[PDB]
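Below, in structure tokens: the form deposited without the partner chain, a single chain.
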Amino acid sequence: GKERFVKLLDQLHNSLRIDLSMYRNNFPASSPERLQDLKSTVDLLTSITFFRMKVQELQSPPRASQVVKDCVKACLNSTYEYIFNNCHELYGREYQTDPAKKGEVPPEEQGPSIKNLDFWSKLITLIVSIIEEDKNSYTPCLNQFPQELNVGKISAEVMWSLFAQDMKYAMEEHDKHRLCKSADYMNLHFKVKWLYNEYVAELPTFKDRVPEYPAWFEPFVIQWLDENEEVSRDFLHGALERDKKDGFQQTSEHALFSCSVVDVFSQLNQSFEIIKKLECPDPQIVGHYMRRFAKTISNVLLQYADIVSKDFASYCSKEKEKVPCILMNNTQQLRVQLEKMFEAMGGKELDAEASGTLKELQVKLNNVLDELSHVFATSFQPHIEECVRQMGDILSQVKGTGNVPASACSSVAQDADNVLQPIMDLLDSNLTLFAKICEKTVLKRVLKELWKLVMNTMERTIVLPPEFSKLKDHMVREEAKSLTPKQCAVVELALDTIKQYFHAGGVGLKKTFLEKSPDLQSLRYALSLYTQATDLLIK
């Protein structure tokens, strides 16, 4: 009786749920009238459900929003299956303009191939068509429970989830085989990010971080990173040769370095820009990519440095004196634009291992500058020793002449200029060439090296330290031949003058460094043996 009735409702509720579990197919979006029937059909279902909630005062928990939702999920599962089984014909019919539109060629039907990634880009396009359909078409249609039934939001989650379990498995498959170009896995990783961020990422289920999807691609980018390191190496050779053939012209009068430096950092940056555009949302993975790119950056820059040191001495023949100055300028530039890269990879936020690979590089790079300046300063040494023995001769010719009115007598001040003159052609011709064409950090480094060499050579050449000879049983150092008082004064004043030329006002080394310089003190102590005539006891 009333039992005949309750069976009859269950049968009608059931019939409608069956209709709704294929809504896309049973109520195509193409038909406005048929979309009305879909609305009417959800209405009739809610009314039945509602009446059961009341008159069938017995609990009827199937609340209508849940029933429609579960029906919609079914239609979606079906849709996904239709889409996945007809990927090709659906895609070529509609989205392929296009040259060689023919199809249908590759059974086993492209979805998925392991030779090729094409099927997945097509399937992603078709997935979007549906989600957009469920947002644009069906959601307005089924507004009856806006708080609890957003068809488009459901379309996105279900379609993403279904697509995701397949893609996961397909990537595991390609991880074992790797038959595609990395550029292909790279483009897919990209197209998938767009899809996730565009439709899934703001969904409640997912709004809480962090997505699985990047891990599916992690191995394939690490491979692209490897291939990429090797392309960076080949770019670097013949980035220099273009520059070496061009003779290392500075790029501009403001611009202290040659073109090859901007090329290497442009290409290192383009590669970094690629990774940045994945917008990888898993920090453990992003730290992994950074770790590995830091290895690339290091081997590339070191290759840049190793390539000059190998060649540097060859440029130190004095005919082309600016060029060696530029390479140091270039090497300095590596140090600074690397810092700029280091920040772009996140600074302190950067993964520690990556941050350490780079700071260890920043150090090794700066040691290359040192060796490099030192080779340059030593490029002069022979000409310095010739300059210094030549100035020790003049000092030996210094003598007091005032004894007779002889008013042509040369003052200590004059005698000092005459002693310095043979080395002066260095200081004018060159130290005003250098600061003209040197990074500040670079010039400071070269001057500190030249200064060492001058105080070194003088401690050897004009001192003429006394020799050992046998004296009774054993070898003992002979007493120093003292300089004459005039000579003492000429040497002192000469030395102080030389220290000033390096100070260069403020332009050169600071007075503080020169005074403390152990090469100056080693020289001053050497002088002191010779200098006894004017040295004060009790300063």
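Positions refer to the first chain, counted from 1. Here the rigid core means the biggest group of C-alpha atoms that line up within 1.5 Å when the two forms are laid on top of each other. What changes on going to the form deposited with the partner chain bound:
Summarising the superposition on the core between the two forms, the listed residues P405, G347, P382, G247 contain exactly one with a Cα shift of 2 Å or larger, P405.
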The other form holds:
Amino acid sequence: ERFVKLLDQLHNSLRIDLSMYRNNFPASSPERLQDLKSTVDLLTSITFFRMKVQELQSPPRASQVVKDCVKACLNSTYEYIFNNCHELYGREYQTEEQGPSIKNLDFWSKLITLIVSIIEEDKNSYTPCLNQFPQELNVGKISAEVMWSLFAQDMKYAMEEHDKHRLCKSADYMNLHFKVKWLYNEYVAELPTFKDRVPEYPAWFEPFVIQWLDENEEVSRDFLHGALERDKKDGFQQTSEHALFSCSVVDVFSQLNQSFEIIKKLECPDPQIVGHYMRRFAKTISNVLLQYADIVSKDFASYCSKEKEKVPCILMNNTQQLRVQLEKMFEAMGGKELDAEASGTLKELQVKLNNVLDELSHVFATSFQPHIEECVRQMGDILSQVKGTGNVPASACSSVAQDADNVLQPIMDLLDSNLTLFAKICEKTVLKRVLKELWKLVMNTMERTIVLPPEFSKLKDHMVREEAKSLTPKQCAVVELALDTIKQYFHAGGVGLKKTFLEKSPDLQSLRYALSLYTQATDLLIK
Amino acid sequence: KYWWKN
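Switch from the form deposited without the partner chain, shown above, to the form deposited with the partner chain bound and output its structure.
Time for the whole complex; same chain goes first.
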């Protein structure tokens, strides 16, 4: 009975020894590492003896006792490097009120480095040293778990404190978040305890990233007012041959993507948090791009109207390019899988940008409005001089076809050099928008110049509309043909508006109805 | 000529 207590004494004595294995058996000494191995051997033998002979329900066996001693050493080890962080770091690494500070994060970066040295030491030394129970005792594995867990407890508390006072640059919080992710993924993420993930660490830094985003938006919005002036001062030059937009466009999206790339490198493993960053950054993209549009749409006229006309086209191309490179970001932020409220704001942004390209195109087309009205009054005058010339030599006769050409000649001289210039320097959509707009403008002006309805006059008592003065048969025919020709002129054999669009154009239908009042001479009953 | 050929 005095033997069983003599054994317990010995078992306990070795427990004390191993509970400080690192300090008692330095990795520097190979022979001391051997002694450590001998010490574990002796412990198991004592345990094996007790389990075979005695039947005290078996206290460990061995592996669980050593494990608990190793966990102890780690708790002590963590305490050591926490209290001696500064000295340990500056002595081995490098390039007062020590311990955690609230004015700087330096202490935590140095602590991480020391933590790694410990884990690495337990992997490279000790683990091969203590190889008695490979299935059940991996010192390096258990070193990483304990060291991370002890570090996580302090880091969580530190960031809650930093949340209240802020005081450090957003950069410094951002980098620490990055360095922690590296530590977690390198040593912890593939551990049984943690494998199920949803790790807690990103939540510690969440308010610091949001702040960085808040600062980032105000930085981007600042970079905007600058990319545009640099472009405007350079005179919105087309970049290169097949890129119909200017430099301010590539500058903005490089800035937006660099910023997004920062969030991406965080590799946030908490989707709920990832949705938060995406929801916030989407607001940044919106406010930046909308500002680009709002900046341009507030200056568009001054470049347009009076020649030249290249710049207004490019400004529209730019605005279109915003639309295409947004969608490219939408996929980069993982479209469809993207947070709903985030994709919602971006899809509401594609609409706003679209409804700006339209507004812009309308302003541009209207810059031709006066000259068009002049060309249309000119073509109404020519039409009014259309006569039948029967009893007259066959060479002096002007045909319906020749007459229609003469009617359209003013407006064609106007548009020719233009349409031609566009299409050459507009994206398809930009060109189509301008043509659709110029189309509506020509049809409307024609409806309100050559074919204004008869006026009202007081008839007997109650103001009736007068009878329309019918065009002559030759006049009707010249109108019809000229009209049909403009349509083909805007179709342009498959570069202009589609024939389906022109036909169902409500502006063409109104002009045809207006025309119908005057064209009674040739209109068929029974069509 | 047609403005869309050149």
